[PDB]
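Presented as structure tokens, the chain that follows is alone, the form deposited in one PDB entry.
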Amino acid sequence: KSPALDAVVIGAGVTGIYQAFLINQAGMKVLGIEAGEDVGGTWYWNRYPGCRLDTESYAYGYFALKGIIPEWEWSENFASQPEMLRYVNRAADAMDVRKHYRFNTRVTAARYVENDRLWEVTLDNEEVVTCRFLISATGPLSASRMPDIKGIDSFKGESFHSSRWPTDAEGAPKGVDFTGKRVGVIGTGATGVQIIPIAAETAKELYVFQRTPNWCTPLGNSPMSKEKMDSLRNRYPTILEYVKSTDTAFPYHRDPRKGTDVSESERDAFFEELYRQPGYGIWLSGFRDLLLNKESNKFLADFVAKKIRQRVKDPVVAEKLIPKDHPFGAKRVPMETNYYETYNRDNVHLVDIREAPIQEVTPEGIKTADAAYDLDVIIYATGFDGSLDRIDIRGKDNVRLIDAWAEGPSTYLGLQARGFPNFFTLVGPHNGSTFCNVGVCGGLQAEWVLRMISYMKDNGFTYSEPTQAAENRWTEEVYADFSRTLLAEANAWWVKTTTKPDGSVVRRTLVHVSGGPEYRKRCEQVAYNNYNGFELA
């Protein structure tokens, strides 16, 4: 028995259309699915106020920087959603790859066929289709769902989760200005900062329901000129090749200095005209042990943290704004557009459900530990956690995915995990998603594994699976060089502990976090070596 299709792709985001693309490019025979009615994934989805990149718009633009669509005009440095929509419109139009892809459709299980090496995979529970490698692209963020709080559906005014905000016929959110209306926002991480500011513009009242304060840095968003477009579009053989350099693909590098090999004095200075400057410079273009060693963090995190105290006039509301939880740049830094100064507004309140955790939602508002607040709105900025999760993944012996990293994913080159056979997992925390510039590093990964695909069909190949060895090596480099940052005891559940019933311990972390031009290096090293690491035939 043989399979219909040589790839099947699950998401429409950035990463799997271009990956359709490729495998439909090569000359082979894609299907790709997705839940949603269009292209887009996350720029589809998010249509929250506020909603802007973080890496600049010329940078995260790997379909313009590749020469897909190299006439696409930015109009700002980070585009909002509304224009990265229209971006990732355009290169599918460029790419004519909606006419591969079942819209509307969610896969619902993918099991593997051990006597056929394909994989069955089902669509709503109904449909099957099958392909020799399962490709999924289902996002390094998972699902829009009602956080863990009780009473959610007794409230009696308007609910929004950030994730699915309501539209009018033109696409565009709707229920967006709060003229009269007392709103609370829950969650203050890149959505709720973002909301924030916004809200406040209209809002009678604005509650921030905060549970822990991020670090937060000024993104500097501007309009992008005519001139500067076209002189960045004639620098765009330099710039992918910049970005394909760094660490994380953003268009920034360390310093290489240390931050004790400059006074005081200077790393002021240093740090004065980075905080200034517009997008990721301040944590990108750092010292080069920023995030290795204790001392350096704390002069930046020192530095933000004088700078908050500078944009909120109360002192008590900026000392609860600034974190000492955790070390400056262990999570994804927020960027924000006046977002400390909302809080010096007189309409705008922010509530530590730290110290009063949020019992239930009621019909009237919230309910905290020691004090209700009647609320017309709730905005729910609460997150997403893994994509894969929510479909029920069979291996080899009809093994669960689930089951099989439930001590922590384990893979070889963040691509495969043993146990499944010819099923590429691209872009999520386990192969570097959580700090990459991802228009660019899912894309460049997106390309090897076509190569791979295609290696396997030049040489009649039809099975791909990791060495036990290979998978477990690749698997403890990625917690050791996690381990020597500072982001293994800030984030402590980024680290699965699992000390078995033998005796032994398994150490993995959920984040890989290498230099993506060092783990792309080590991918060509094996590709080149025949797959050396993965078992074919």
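Residue numbers count along the first chain shown, from 1. For clarity, a rigid core is taken as the largest C-alpha set superposing within 1.5 Å between two forms. What changes on going to the form deposited in another entry:
The one residue among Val399, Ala94, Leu292, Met146 whose Cα position changes by 2 Å or more between the two forms, with the core held fixed by superposition, is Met146. Comparing the forms between the two forms on their rigid core, the Cα displacement of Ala492 reaches 2 Å or more.
Taking the rigid core as fixed, one finds a CA shift for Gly442 smaller than 2 Å between the two forms. With the core held fixed, the Cα of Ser433 is displaced between the two forms by 2 Å or more.
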Given for the second form:
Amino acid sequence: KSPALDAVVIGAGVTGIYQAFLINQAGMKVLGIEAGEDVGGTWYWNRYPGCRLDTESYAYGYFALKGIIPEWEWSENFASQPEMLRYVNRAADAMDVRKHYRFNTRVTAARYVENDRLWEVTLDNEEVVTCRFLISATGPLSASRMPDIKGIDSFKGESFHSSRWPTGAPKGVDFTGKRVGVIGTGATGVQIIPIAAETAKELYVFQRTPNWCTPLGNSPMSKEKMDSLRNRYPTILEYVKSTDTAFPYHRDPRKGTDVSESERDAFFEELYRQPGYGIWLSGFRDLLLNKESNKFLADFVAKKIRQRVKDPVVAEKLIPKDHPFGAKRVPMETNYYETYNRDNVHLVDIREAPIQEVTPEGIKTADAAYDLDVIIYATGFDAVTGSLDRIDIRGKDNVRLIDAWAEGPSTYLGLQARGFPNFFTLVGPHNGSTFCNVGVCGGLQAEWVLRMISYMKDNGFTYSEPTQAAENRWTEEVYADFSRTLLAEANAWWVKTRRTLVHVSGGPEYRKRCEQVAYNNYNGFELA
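Alright, leaving the form deposited in one PDB entry aside, put up the form deposited in another entry.
Chain only, nothing else included.
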């Protein structure tokens, strides 16, 4: 039998739509599936207050850089959520990609049929579509997780996870008169807290673990600046392609030690005050390899925190003692620390006083009871493998991807897994495009995968699968490379339990390997 489609593409985020656009451009037969109503992925689903980019607007905007929508105008340096979703909507316009997709449709199971080298894809547990290739663009921080606390449903006020804010108008942003509780202090939390506190009656922050945070330094984007940028897109494109993360920054050649304390102190101050992630991704070459170098930056930020926070007890509570700087994603913020100087904001430490349960009134903890009219769960995601974990995926010998990855992910190039022929996990585990400015990183990964499906059509090949030795060596390489950094000393979302779900070596290096595989007739894959 013959599968109907060349490929199915799961997801309508920035990765998914481009993937889908490209495939169809090459004249193949594609269907996209999105669970929500329309394109946007991250930018569709995450409508909470203060939701904002990390990455410079113009560096994230692959779609603009590649002249798909060259005339696009950014209004700020770090675009808000609504602006992003506008961009994606426009981008999809010029691609004409919507007609290729099934919206309001969820993939629930996927089964490989050895005997026909195809994939049988189940939509909302009834209908079945057949494709030669399954391509997941279901993204690294899709798949929300509620924390493991007793009695979440026992709560009688308003309550929800950050990625399912009530609504397409973000309803009830105004917390006038309300007692609000916020669980979690990651990137989401840090964006939410200063904003809610403008209107909340009382704001209690339930912080189990403190992150290192630094000033976003957002500012609006003059039309001149935007003209000066669009004129350089070719340069900006090449440049972001050459940096380890595809963010527009690169390391100082020097070590932390080749420089006297007073020279370091000056260099850090200059970064601290620079808009964006310069502090994190333009430090010294050994910020993430060398405990001593890390300590230097960590003490500087510490000191900064005690400047911005008036009461020294609160301030100490907010300074991490337990993981080196830049080991977890560094959340960037507007006026976060100053928030704690407010009379109507309370930091509740829930490591020393672990949350007992959620009651109808408020939140019980080992020490106190909090009456609350609203609770916010900024508790993050089932990272990387999470949304795949939520599809029954089955391969050769009817094995599940979940059992397959039970000891941790195993893939070649982070693109295919052994036992799962003709299946591409885009920006998935052990992938060089996951620790990235994903806007550019996944654009490039979508393009490479196109070139592999194209190589397959031309040579009439119907089957692709990693060899054992390919996959073992790769995985080995990924753990090896990761154990060398201070990223090993931490529990970020990209760690599972202590192992990595992700590839930390450099994008340009990762892509260089990929090019070396593709050139050598996809060496490491069995093809037939």
